[PDB]
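Here is what each chain is made of, one letter per residue.
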Amino acid sequence: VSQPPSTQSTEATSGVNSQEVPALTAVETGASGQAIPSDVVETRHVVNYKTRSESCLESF
Amino acid sequence: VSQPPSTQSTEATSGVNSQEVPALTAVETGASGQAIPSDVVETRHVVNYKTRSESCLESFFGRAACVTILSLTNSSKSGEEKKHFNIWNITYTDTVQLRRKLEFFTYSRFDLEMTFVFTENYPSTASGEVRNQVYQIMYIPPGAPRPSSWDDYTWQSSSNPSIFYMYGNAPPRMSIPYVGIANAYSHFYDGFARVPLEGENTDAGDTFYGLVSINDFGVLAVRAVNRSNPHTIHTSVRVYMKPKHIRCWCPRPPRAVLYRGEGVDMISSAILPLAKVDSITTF
Amino acid sequence: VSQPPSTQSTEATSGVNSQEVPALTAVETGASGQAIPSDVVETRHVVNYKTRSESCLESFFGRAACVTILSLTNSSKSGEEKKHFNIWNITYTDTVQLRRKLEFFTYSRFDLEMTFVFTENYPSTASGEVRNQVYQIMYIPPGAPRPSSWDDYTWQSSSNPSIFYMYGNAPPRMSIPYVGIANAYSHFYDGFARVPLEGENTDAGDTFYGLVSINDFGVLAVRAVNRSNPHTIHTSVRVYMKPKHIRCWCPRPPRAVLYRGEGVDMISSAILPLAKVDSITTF
Amino acid sequence: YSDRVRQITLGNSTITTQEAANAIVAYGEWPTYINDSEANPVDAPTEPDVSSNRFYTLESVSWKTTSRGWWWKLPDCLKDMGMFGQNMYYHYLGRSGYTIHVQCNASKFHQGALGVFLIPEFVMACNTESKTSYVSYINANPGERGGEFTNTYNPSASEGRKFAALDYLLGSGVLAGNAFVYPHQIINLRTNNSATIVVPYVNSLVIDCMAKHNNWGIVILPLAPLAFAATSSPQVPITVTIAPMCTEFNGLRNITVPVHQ
Amino acid sequence: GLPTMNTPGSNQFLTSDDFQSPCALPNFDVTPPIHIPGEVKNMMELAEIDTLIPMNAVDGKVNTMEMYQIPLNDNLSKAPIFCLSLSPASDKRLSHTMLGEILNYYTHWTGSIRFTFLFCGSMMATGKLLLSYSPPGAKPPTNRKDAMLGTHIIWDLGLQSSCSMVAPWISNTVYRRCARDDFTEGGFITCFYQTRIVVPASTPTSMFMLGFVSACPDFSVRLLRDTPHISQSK
Amino acid sequence: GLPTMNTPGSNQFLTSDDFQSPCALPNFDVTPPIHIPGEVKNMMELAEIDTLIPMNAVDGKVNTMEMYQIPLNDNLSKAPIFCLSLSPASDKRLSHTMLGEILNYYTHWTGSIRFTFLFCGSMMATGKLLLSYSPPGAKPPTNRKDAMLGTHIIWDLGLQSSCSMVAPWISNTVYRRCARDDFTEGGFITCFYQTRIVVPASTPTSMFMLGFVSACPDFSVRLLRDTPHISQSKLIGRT
Amino acid sequence: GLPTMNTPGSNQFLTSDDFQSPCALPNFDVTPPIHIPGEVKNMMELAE
Amino acid sequence: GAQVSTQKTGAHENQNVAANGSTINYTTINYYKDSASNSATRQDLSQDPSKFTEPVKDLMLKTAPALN
Amino acid sequence: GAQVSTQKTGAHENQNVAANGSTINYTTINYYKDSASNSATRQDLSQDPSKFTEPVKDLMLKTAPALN
Amino acid sequence: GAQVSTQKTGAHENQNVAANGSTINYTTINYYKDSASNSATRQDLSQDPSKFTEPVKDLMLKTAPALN
Ligand SMILES: CCCCCCCCCCCCCC(=O)O
Ligand SMILES: CCCCCCCCCCCCCC(=O)O
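Residue numbers (the authors' numbering), protein chains in the order written: chain m, 16 to 75; chain i, 16 to 298; chain e, 16 to 298; chain j, 9 to 164, 168 to 272; chain k, 1 to 234; chain o, 1 to 239; chain g, 1 to 48; chain h, 2 to 69; chain l, 2 to 69; chain p, 2 to 69.
In silico SDA-like cross-links for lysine to any residue, where the CA-CA straight-line distance does not exceed 25 Å:
1. j:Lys87 / j:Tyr41
2. o:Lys41 / p:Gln44
3. k:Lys92 / i:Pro288
If you are wondering where the hints come from, they were derived from the structure by calculation, not from laboratory data.
Go ahead and model the full structure; you've got the sequences and the hints to work with.
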């Protein structure tokens, strides 16, 4: 008996003044963008207990 | 294995002439008086093995109440094809007894059991042989397409859950897990669905107030599944609900008067809930 | 292995010329004779493997008796609308065989199994096609609201337990836990519900003497749930009861004569329970 | 160190009462901030503690011998406050607990009593006989100026789109005598000059939009009639002062400006 | 196939049934719980809250706020201030208090009941009131002497305010029926002046007191029933 | 033999039933599996793929390829270039994207949504675009000053042609309805020029941007429902 | 789920039937017993 | 948690000792929450006939004269 | 994976002890994947009336003047 | 050969851990010879979005310039 895998949690963050910026990318590459809220704005720690069970193909 | 907790047992006591007497207190503060019989009179020891099982919220709300009565008609008349199809909003407000019990709490979380009971008759002045009827109960979550007719394409139920019942078998039943988008269902919503802004008239928001405009739990669509017969059949479907696995918060007084609609609106002809007594000194 | 204890075996004995004579006793003492065959006659040694099972109180009261016959009528005639439902006082006094067995004891404690049997016919001289009928059995405990009609709001049953039975399915059934107020049900009440106190009526108590005045177990409310049809359906409902897990106290003789009402009243026309014998010397 | 004397300091303001009933904490729970384990919004919250958690005095009302009662929507009455008020308009979401202090002084020769009740979700009936929940935003949310209770219900739609409330049924069909199930305290002019009730944020949600929903309302009723020996018309003020507690807000937008009149 | 035999009770619907049933929405993800203040686990937690008694139901005060106001006066009286039948479920004035409304969903009840009273008059006025409960089956306590024979306390008005009289659980039965049967009668509750309330100069002479009722924590209820208080159009 | 009782629900058919059933073909030999590239285990794996949104669904471009092209001028303008309602199933332009479509089979949803914008102008064209998201319960932004108060990112056009903004899950609720609703308001997404696009001589002065939409990793859906994007005529057998 | 077969004797009401049944009044607190003298366990004690 | 107990003997030469055979046992499983739902109780042949046939303050021996 | 728990006391089930042998127990097996499909949960008699009857910050005791 | 597993959480349930108590377990027994006759499979909840969202031969890190 164990907890099922959850969707992505949010790490708390702060403003970033580095030059390595994940919000700037290319799609020419065939890849999707990878940014999440913690990459763009200041975020809080959020514990995410939500589970993608309804969306499993067996459920669909 | 152990004995469940009982209500308070009275301990034997005796007369008291102390300076600390519970009978005299104050209720200016929000507390209730705390006195029990042993504080007022001499009492005997009483062993109390009685409990409060029936007043547990799980027991209080442990019955399946009727919620609504829907009606379908199986008819060959073209003017009645529309009657093979009946869509009801999901609600608990159609029947007053269940509503008052739920109205005791401001918020709640529960799973819901739904049971349906079917009954039928000929509404006509003449009857004759008709094949056994099958009924389909389909849930259409808000945002899902509604059928335009008893025999439309949405009844194929590719995603919408639905149940098929043959009249005469045991009344159909299913469990619905808690479905609120909130962490609890609200029984009250002291607010508006949207905020009318400066660039709006001053009557703005008049129809957006209350639980009524905020909640939408979809609809239940019920139809005859048989094709029409020469002898009309009227079907009455009773819908029952039983909250289970229930927790509640923030108690409220129950309503003393008759309800007008789904909100808390009062009836001007029925705001007099109490009986008269001939005098204050009449027992 | 809890081998059931048998009734006594008979010890073999010889005749004696002893001064100890168990056959000569007194009953003035308020006790039965104690003699058994081994005390009075020469006897054989008999091993006794027989037991008293059918006589255990649990077995004696182990069958479901018909208690009452209720009736319903489903008809389109307006004068019959009131006949769609039947309100029955909960009681066992409608049936004599059961009262007589229960009245062997002054007090009893038991759980109760209730079973119902439905039967139906057309009371008319002209039958026709009618849909399967469904019945609702609702328990309305003391002080709970009564329906004014077969289709009244009280049939919502949000707390009152109820059974929905489709005709032809297995006879409906349910258990009732002991619900007495006292620690046992009494079958007798030698008293009045209240003491008349200088009430200016020397006949006071005439309307509130006996067991009836102290018993209110609510009513059983039974209705057809179907709407009216062109062909009337008459339904008989039989209520059966089986006390279970039963203990009793303070035995008394059974009634020898016909009952007149719910109390112990006699009809003067039937106070002669014994047959005549031509002579005391007739075998 | 008498129980009747109480001092509460929040932010940069203080309330001192020489005579008060023991303060009440609704449901036994002190106001808190949202724990990470229950957070709904993802963005970093703002917690303007000193600026927000400052007692704000509301315009007082007069208690007359004919008064039936007064009421407020709680976060709404504070929308006219500088800080906190602006935060409700700048942030979509917010949470706030409150310290509610009600004062009404009188000499020993006065009688009467005010029950103060805090009603979670104080939903009220409309004054229209043909429509349900028919109340305009503006009439429903009067701001600092509170509403009043009446003796009789007279439905009718300029008066229709307004709340109306009987005092005896508390505006919703519930007898006032059971108002006591709600967190409450009583100001008895005889023994108690003031009441203090502290409430946690209460909702089905951890945080909500304060421009749309009022999670608490304040109900004050003259449970015992006001009276005085030689005027037959004593006029004693009632002052209500409230501070937010443990507040926080989420999201950020061009300031929202509601429909007003 | 495993041989089986359906017993009576098959294919029936009981509103009190407690059986398992298939989920209409398999694998549904239930919104996580949060802590919410004010959790209630048992209705008796609400029965124990002191709520106001609509003691005054005289013509002109029925269904008005004044129903909760019991008059007191400086003038001398030997009369009962008030009289109440102890029937929390069926009495006209008690059935609608919170204790009453919860209780009206039950068929039977036990335990003691607390009656709490508070004086809202001037600080300047003093006096003593007799709060009394007499068990049933005897002449109603229509005067002070009978009030003294029953269970009673004296409420001495001063700095403190509220005074609680407790009607102990005295019954022959284990439980009392909610319905007002003769054999259910709870007894009589009265209040009398023990001494005249004295009002000093330039102090109002008409005074009011409030009364409240609540369950003591030895209180319980039995079977659940539909409450007779609510109705609706068909 | 074994005493039993039939409970409510007996002999019913529920389309969401999960019960065992006898096999019509006992001992049938099922073809051994092979690995096939591209296995999907969850619908959310598709929800997270950037989809091109038909944002410019304006008359004359609706249902043409041009609906996917957001026009941009070098000429200075203070107007928004585009605006969307962040309501995945009710905004008609958004509701037909793969994200919208997966969501059209669900009643309720959660999580942040990413918006990615690709500039397809000349290499010689430069400038800056402002992308922003404002939460609900507010005046929709009408100009850049309002855009600046909401959550925003400034995208410097340059070697990297694409950037993104994330509309974070800012909601009072845990879930929002997919279904159009007044309470579960989406919020607003807009774009304004931060500065004019500067274009040199003999270089296109009118260029396009392509917007894409996808789920973030914290995204979830909850109640399967029929999707009102698909219809059919009445079905009658053996005609 | 579990394959079953109804045997003769099914769906019948025997007045001497001794099977379990659901309770209409669940979680009921039964008035506790007290000692009452004169308890009878078997009808034969009266026959004697 | 099944309860196993013996059966009442039937016709097939069941020695009355009821300890003869392992096939004269049966199994009961209670399924419902309220015990009121249980089948009838186990047989109890314990009896106290003296309560009714010879209650007495001064115990009498049957072989003694009843009155002395 | 069955669970066993005590039945509620009936007319002749025991003393209120609910400790009168194994015959007063019952067995439940969950047959569904979804917890919402389970029968009603175990009765919880935990209670804490003070949340509503004595929600006071200054924790005064009963045998005391309320006002000092 | 019964399988015992964990149920999906309901309203009056344990915390979001979903691994607290025995009351959340349920039992499944397969009755038929073919596995095709079994009830639906257990949720996998396993995913690999990179198959469709970033199936790139070359390695890119999130904060890395996509092109260099
Ligand atoms: C196939 C039939 C499925 C039936 C689905 C019923 C949905 C129940 C919604 C929740 C009940 C209303 C809650 C509330 O208003 O507070
Ligand atoms: C769903 C219908 C439930 C019917 C319950 C009826 C109440 C039966 C009470 C027990 C019988 C009275 C006691 C006695 O026989 O002396």
